[PDB]
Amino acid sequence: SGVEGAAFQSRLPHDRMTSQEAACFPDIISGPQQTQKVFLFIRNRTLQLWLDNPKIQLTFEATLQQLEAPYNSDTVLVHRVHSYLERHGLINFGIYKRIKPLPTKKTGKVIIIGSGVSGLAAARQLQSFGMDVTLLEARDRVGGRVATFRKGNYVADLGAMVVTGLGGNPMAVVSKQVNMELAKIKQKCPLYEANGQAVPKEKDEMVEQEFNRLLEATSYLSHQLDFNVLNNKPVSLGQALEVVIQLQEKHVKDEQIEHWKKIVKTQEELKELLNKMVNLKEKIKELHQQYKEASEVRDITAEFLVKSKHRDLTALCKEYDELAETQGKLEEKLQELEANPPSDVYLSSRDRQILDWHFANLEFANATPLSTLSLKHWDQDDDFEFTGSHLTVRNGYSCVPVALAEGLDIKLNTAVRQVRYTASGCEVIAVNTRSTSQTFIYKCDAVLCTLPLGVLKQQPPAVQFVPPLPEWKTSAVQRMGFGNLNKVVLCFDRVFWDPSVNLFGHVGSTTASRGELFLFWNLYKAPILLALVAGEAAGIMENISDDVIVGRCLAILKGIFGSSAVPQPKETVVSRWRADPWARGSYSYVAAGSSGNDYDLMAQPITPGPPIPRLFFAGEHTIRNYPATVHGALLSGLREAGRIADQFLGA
């Protein structure tokens, strides 16, 4: 609906106050119900005004003038609701034209570490709020793990490239603000085996159905039967899958055994039956010799003898023909059995390879081998997935952080090395990545750390904290997963693939290598193919040079399309996200022995000892309900900007 749709697009229930709103409006939530409904209408209506035109700042004044009677009479409540929505980044976020220009007097100094989407989104908010903000970025560009290759007409993303559903997604708004072209991903994903032969549609569907069954069985084991600890070790999804596959093969073999038993028993009965017929034919042969001697010789005792032999001899053929139809009733049962054997195996060798492709796909979506994922919590965020098809960024995802950086004070080539925070202020120490001799010392009232989890995990530490971070924070950093995923960009001068197909799969020959170049993406205006390296392959393939890995790509493509069809690429690009010192991997995952609560602990600010919080955290690894995505990075920056403004400017 209308105001209903605005709540939904803001990830809020249209008919209930959230717990956060209840915190900020206790007089409302404890007061009469009719005022609760007035509150919800004003909130939903204000969200609608913003979402229907997110290129323009929505002021309190303009909200008041577009509310209908009688809501435009409660000026104070409107202001309370508008101020709340703005402070937390539900309206007036991203890039939009200001109506009310910024104050020249800044209040409070914030240093933001890192200039990815979470740092940029927080910076824009803090600046909007009238604070003095500087971002320090170690790279020579903004965007972090949004990273687009651009040369001539060639565009290709080496970092994020997928926008998940638009329903509920804040990137829907940013996409409008930046005029980013999104294209829905077409579903057809043909698979080719290692010999290049396409997988018949029916078998692709059979195997995909098994994959879904296996996943559902792991989830039942985990949540209904509490199979989550394995000899005092947290069980991984990988471990659980292989056990469920093991039981399926065990069940196939048992049904084979029960079938071979039915065969053997039927064969035994057929054997004894023939034996019984042998003895009965020998009995008729013997008796028929006595019909011959009796017929040979006629008085009444001899004639009677013929009638008695003839009567018994027909009776013995009555016995024999009885056994004959029991013989047929068996033989047809035997024939039927050895014509309809149950499954010989659960998964043929080729079937298991195709199944391993779907596991590679799952290792892509989590950026890690399945043996590292928490069985219980790997999909702990799935209640928050957006509705709609997934899309890709046709003109390159870097358009979003480039535009978010407009008007911000950003120091590039500036690597933070130490972060000192005391009950009286903060100092950030950074070195210039071009003259390591050159050192800077930025004073500020608060620090917003958007360092990637991979950087926080680094040992020896890349960034030193003074005082060191609390044990409860370092432990969460150690527990949480930080994955890896890489891409090969192949730029050609002609299209030799199916232009109507966005995706196609290469089925690898072994389990261990299932993530090697398993998925190819056709996304761009120029003749460009992207190949993914996922799972165990991702980290290992970083040690292979660009040339050898491109060769392996071309071998795969020549296997699918033909030797003569695949030219040499004009240009190639190969990501190495784990080796990248400013990322150390691609995105977080819920590791066995972690949980969603570690994402909440990562988000918790640090307060210096004997006081107010000085050190704040954002980044994809700090947002429990939306981890490992660009929108989660964004929402985490909006959240921290609100928490920081509440602290230093007042709610």
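We call the rigid core whatever largest set of C-alpha positions still superposes within 1.5 Å between the two forms. Numbering follows the first chain given and starts at 1. What changes on going to the form deposited in another entry:
- Treating the motion between the two forms as two rigid parts, with each C-alpha given to the better-fitting one, puts residue 310 and residue 372 in two different parts.
- Here the chain moves as two rigid blocks between the two forms; the smaller block's rotation against the larger, from C-alpha superpositions, is 10°.
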Given for the second form:
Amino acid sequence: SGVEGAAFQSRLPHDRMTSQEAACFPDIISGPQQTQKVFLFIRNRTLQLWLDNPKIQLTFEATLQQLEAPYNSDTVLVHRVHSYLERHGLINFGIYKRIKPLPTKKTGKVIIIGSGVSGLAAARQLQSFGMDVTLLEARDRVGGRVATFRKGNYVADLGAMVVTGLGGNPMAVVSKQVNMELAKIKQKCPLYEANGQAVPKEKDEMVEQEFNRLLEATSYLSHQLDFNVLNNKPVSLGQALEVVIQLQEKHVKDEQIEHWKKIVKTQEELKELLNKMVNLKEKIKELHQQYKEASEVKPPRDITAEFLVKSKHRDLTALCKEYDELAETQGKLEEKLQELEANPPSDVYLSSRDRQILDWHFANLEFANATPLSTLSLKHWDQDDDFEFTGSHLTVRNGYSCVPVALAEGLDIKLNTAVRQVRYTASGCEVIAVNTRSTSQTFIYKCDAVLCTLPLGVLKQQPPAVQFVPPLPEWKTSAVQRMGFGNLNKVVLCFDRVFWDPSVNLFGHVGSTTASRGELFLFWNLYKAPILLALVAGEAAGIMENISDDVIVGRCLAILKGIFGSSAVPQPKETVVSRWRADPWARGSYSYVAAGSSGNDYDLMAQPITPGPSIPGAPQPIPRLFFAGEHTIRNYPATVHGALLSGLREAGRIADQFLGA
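Could you drop in the structure for the form deposited in another entry? We only have the form deposited in one PDB entry so far.
Excluded here are partners and other molecules; the one chain stands alone.
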């Protein structure tokens, strides 16, 4: 459908009212089914209209115009629905031509810490609602963890690189509003072992299938067996994978044992039979001579001498029958024994070479979560799974910076302004910053509200880069402590000519040791110009930041030579190496669900702080200190769309507070 597909593109159920809607429309959701379908249609339709043309403001009037009866009947209902959507940033978000120019008379003052996507998204929304907004940014540029390298025609993202599908992604709307060159990623990714030899197709498929089965096993181990605590400590995903692997090694051994144990049971049947056949051959030999002697008494003989010949003859054909029946039973136990020797169980679970290739699939998982698997919560690492977008993953050939730079237009942004202290009281806030260039030049910003978009890395920093006065409550600081903030670096290799398969976007390099599985484990070509991006993931990321760009480009060229040959790999024209853990305006790459945390901490990070009263016995103050950023959005963490959506959320929560709902 069109109306139902607009609900889906807005991450809303088309046929049901959300918790947020129930809060703003209690009269409707608590009332009769008919009115709700009217609500749901008006909502779904308003969204459809915005999405069909997101380059110009959708006004209340424009909405009512294009609504057919009986849905245009109730004009207040349509006005409530339109206002809700506009406020919560489901319509008229991003960069659109405004119909009615914004009124010169501004209500309320907000300081936004950081001009990353979360910051910029919020700032636009608040200005749209007619608040006075100022962003304080420590860097000499906007975008934050969206960082794009540019020298001549060379263009390469050191931060966010990938749109993780357009199906329900609000970056779909932004891509129409801003010229981004979105290019699909071809899923074909050949591996190449330590030497330079592509993994054999049969083996590649075999390890990849084992990896998925190993993961699926950790989930079963987590949910069905409830193996989520061990020694009064939360179970890591790494721990669960070790334990699942060990149990697979145990089963390989247990299998061999049961197989050999049934070979000895057969060899001991055979021994018992051969012993019986040897003793019977002796009794046949002994009894044959007896008959030979008795029959060598030539006739004529009395009847006792005749009987002796006959009785011994009978007795000997009997024992010769038994031995022939036993020699049959011998033959079938020798067939059975030759079959068990022919069909042995597996010698080993995984060879040294298989374990190295499996370690690449673990590196890939350590890249995705930007952290060693030993840090990830087994139970909750994938807690955002149900909200993933549909459609092909794409890259920005333009460079992702095109997006923030666009969002920054028309906004009061103080660059080279490092927030040092955030003061919040019953009567308002003071934000104290300094010039990054000369730390002595001090600035004081007075505001009704502060929106903090400081990365979780910065919030974690001990001792603190930013002082809160009064200090943040235990419930907030405990969440900051618990939550994971990961690391993941990129090496940009700019060449003069393409020496790689230009229809292959990805290709892996398998590390020799487990300890270095992350080290330059993957290479991207996604750009018009000849550029390769090497990821440094897992435990490698932290360690490789203490090693110089020359040595890193060194290890890079080596690995590429091994695959393409010394004659094909030139010196690079330009090289850049990200060091995100050392970057003091990031202190890492993005959030992960650490062992001992859950999605619930993402919600704690998003809860605003309400100061105490100035004079005692004074009424409960309004909230002053708000939080946005990828670490604040439980359902879309560690993404640009997550940051974007977190900004829009806080802009609505602040407007509701300071302009009324």
